[PDB]
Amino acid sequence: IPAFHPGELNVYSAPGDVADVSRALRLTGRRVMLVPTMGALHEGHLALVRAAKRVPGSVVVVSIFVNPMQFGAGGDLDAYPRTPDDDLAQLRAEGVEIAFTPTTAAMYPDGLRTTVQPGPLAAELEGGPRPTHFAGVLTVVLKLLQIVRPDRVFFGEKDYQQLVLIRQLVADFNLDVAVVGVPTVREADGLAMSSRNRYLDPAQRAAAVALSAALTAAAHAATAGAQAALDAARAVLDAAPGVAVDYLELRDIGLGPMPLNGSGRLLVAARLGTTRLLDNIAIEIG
C-alpha cells in the first residue's frame, strides 16, 4: 500500500497502487466510486464526479486513460485531446481524492490477447463502420473495474450506446458493481458537452445547436407518434447549414432486439466538417 493523503488529490499510475489503496479504503468502510474517463475533462465529467461524491461515505476514483484499443488506425488516437494539467486541476477543485493515470504498457503488457467480445449491439449505430470500437471500450472498462473494484461506476448518457453496452457487460459477466448513468450536461443553447466541441469553428458551433433542437422538438412532437417525432427532428436537421447526418434512429430504451413501445431513445450522429457529434434523448410515445 502506497501513501494516501486524505482530502487531497492522490495520483497513482501503477495498477497495483490504486488496487491496494482501493482495497484498503473499502476495508475501512469507505465506498469506492469509479468515474472512467479519457481525460480532456469538461463540465459533463464534473457532473459524474459530483454524482459520485454525493454517495455517502464515498471515496472517488477518476481514471484518465486514452485507451488505444477503442481507436482504429487513421489518426484518431494521436488526435484525441490531451489536457493533463487542466484535468488534474479540475479534479483538485472538485475534491476528488484519487486519480488513476495508468500507462499503455501497464494496461496492455501483452498487447491484445484476451479481450471482451460484445453482443450484436456493438455492430450497430456507432459500431457499424467501427466494428472493433466497443470491444476496446468493454475490455478496458472490465479491466478498470477489476483493478479498482468500485461499488458503483459512473457513465454519461451522451454516449448512450456505450452505457447500454456497459450495462450488458455488467449483467453478462455477473459483475458486482452498480452502473449509474448520469444525464447529459448541456451548454446554454442545448449543445451536449463533449471533448470534440473544441473542433467546431464559430459557424459550426452555431449550426451544432440543431442536434439538441431536433431531439427536443422530437420529444415534444412525440405525443403525435413516432413518425411525427422523427419528421420534426429531420426538419430541424434539414434546416441546419452544414450538418451532415450519419444516422437518426428511434429505438427501444435498451437498443436491443425489441420493438419500440411507450419508451424509447432517439439517437443522432452528425458531422460538422470533420467533427462527428452525438446526442440522444428520451422519447415517450403518445
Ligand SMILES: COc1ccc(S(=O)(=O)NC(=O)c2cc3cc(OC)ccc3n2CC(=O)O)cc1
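Numbering follows the first chain given and starts at 1. Between two forms, the rigid core is defined as the largest C-alpha subset superposing within 1.5 Å. Shifts are known only where both forms have a C-alpha. Compared with the form deposited with the ligand bound:
- Comparing the two forms between the two forms on the rigid core, the single residue of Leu248, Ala228, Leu260, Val55 with a CA shift of 2 Å or greater is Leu260.
- 256-261 is the sole run of three or more consecutive shared residues whose C-alphas all shift by 2 Å or more between the two forms after the rigid core is superposed.
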Given for the second form:
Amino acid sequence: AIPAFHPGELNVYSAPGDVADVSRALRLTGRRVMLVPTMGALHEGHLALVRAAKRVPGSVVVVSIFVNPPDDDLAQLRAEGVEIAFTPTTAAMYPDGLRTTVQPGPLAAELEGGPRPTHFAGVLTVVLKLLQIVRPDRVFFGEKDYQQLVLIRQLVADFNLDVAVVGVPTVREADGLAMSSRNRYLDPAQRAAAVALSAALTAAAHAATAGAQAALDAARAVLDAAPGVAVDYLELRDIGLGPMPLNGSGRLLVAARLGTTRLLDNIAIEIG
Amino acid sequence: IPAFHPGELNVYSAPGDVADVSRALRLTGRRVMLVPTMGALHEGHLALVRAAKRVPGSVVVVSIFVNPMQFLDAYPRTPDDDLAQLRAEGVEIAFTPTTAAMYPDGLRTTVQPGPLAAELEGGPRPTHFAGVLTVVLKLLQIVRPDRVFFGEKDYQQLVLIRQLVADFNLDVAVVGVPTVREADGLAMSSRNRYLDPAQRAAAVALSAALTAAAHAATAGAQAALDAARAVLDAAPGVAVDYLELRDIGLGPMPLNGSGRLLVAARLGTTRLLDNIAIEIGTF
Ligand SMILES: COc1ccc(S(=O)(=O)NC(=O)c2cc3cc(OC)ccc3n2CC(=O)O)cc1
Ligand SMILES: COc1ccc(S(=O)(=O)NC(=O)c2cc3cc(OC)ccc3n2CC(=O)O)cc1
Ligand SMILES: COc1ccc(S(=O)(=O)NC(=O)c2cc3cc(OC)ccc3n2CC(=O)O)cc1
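Could the form deposited with the ligand bound be given as well, to go with the form deposited without the ligand?
The next block holds the full complex; its first chain is the one shown before.
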C-alpha cells in the first residue's frame, strides 16, 4: 500500500520509505519529480528554488528539510503550492550511524575546504542519500554556494546518477548582498560593509573587458575600501573551478570574515 | 534507445546504452537482474546467473569490467570464454564498459567504506574496498537493477556492499549466492588456476578446516577454531594469513550463537580465501 498523497495539498512525510513510495507512485502517474533540499528556516532564496521547480510542466515539488549533523516553513511551502515536504529525523537518515560515506574529489580540499575539510564529505553524503530516497528528475540548488554546487555536479557525474542538477541564480537583497541565513546577525556597520563582497564581484565582472588582472584588481580595490572585512580568498577560476583559462568563461569567488560571520559570494565572469 | 533483441545476447559498451535499454525494459515490467563480474567466468558465475534467471520475467544483465581501482596486469581475462557461456545460459545483456567510459575524469568522487574496510582483507590493502564500492555503486546506478547478485565467497566484500546499499538508500535487493565448490570442496576461484598440482592437492585444506570447525562447534568456539587450525597445520605448504570467527555482519559486535568463520591462506604465491556459516553450541 502506497502511503496517502492528496494532490494540490501540502503532504508531509517523515519516513524515508514513505516519501520514496509516494515519489515512485507519482513518477508512474506521469508527474516529473523535482527536489529542493533545504536545512529549513526558509527564505526568499528557497522560494526562488521552489518557483524554478514549480515551472516545469507536470512537476510535483518535493522540499526536503533536514539539518545535516517549522510550523512556519510548512506554511511558506503551502503558500507556494508545494505538494510534498520531506522532514526526516537524524535517526531515520542514519539508522546505522555514520558508516559508508562519500569522499569528494580534490576540489573539496581547496577554498572552503581549507577552514572546513570534511564539510563537503558530509554534504555530498546527505545529498546522495536524498537523491536515492526521492529519485527526482531534477534537483535545485542556489548558486551562492558555488563550490558545493560544482562538487554536487561531480558527485552526479562520478557516480552516474540520473538526475539533472539545476543551479538557480542567487537571490540578493536590494543592495546586492547575497541572501544568507547569516545576514540577520550583522550589526548595521557590518551589514553596510558586507555589501563590498557583491560590489567587488560586479565591479570585477564589468572590469573583465579589460582582462583578468583588471577584473581582480577592481574586486580587490572594492574589498580594500571596506572596514572590518577580512578576506579569506578572492579567486578567479574556470566554471568547473579548475585554473582560469587565458580567455573565456569563469567564476570569481570571494569569502570573508566580518567579526564572527563568514560570508561568501561568487559571480560569472567573461574574460575580455 | 539502442537495438535490444529479446532472447538474444545483446552486448553494450556504452553506459548510456545499457542504462536506456534497462530503463526501457523495466517500464515494460521486466525485472532487471545484475550479475557484476570481473570476467574470467567459471561455474560460480553461472550459478549467480541461474539464480538471477529464476526471478520471474527477469531480464539478466551481466557486467564484465576489470576495475583498475580495487588493485592488475596479472588478472585473468578471457572474454571469448566469458561471452560464450552467457549465450549458453540465455543471458540477454552483457555490459562491457571501457576504463575510459567508467573513469573519464580519473578517480575523483569515491565511496569511503566504513571501518570494516580496514579489517581482514583490507588491513594491508587500505584503498582496496573503496575501489570496489565505487565501481559497484556506479554499476548499480548505470543499470538500476531490482536485484544484484554476489557469491558468498568474498564474504567481507558482500557485507560491505550490503552496507553501501543500506547507507546510501539504494533501491536494490542484494542476493548472496552460496559458494560453488569443486568436488573435493575447494571454493571456485579465478586464482585456483595458479595452483601447481602439489598446491591444488594441499588447497583442499581450507575447506576441510572450515567444515571441520563447523562440526567441532557443538563443543564451542575454541574447539571449532582449534580443529580448523589443526587441519591447516597438517597441510603441506599452507601458510595461514588469518583464521577468524565473527558475527555474520562481521562488525562491532562479539559473536552470538551464529556467525562466520573466515580463512585466508597462501600456497606459494597464491592467496586463497574461504568462509563458512558456523553455529556455536546450540545450533
Ligand atoms: C486516471 O484517473 C485519474 C488520474 C489522475 C487523477 S488526479 O486528480 O490527477 N490524482 C492523481 O493522479 C493522483 C492520486 C495519487 C495518489 C497517490 O498516492 C495515494 C500517488 C499519486 C497520485 N496521483 C498522481 C498525481 O497526483 O498526479 C484522478 C483520476
Ligand atoms: C546540501 O545542499 C544544501 C542545500 C540547501 C541548504 S540551505 O542551508 O537550507 N539553503 C541555503 O543554503 C540557501 C539556498 C539559497 C538560495 C538562494 O537563491 C536561489 C540564495 C541563497 C541560498 N542559501 C544561502 C543560505 O541560506 O545561507 C544547504 C545545503
Ligand atoms: C566488485 O564485485 C565483484 C563481483 C564479482 C567479481 S568476480 O571476480 O568476477 N567473481 C568472483 O569473485 C566470484 C564469484 C563467485 C561465485 C561463486 O559461487 C556462487 C563462488 C566464487 C565466486 N567468485 C570467486 C572468485 O572467482 O574468486 C569481482 C568483484
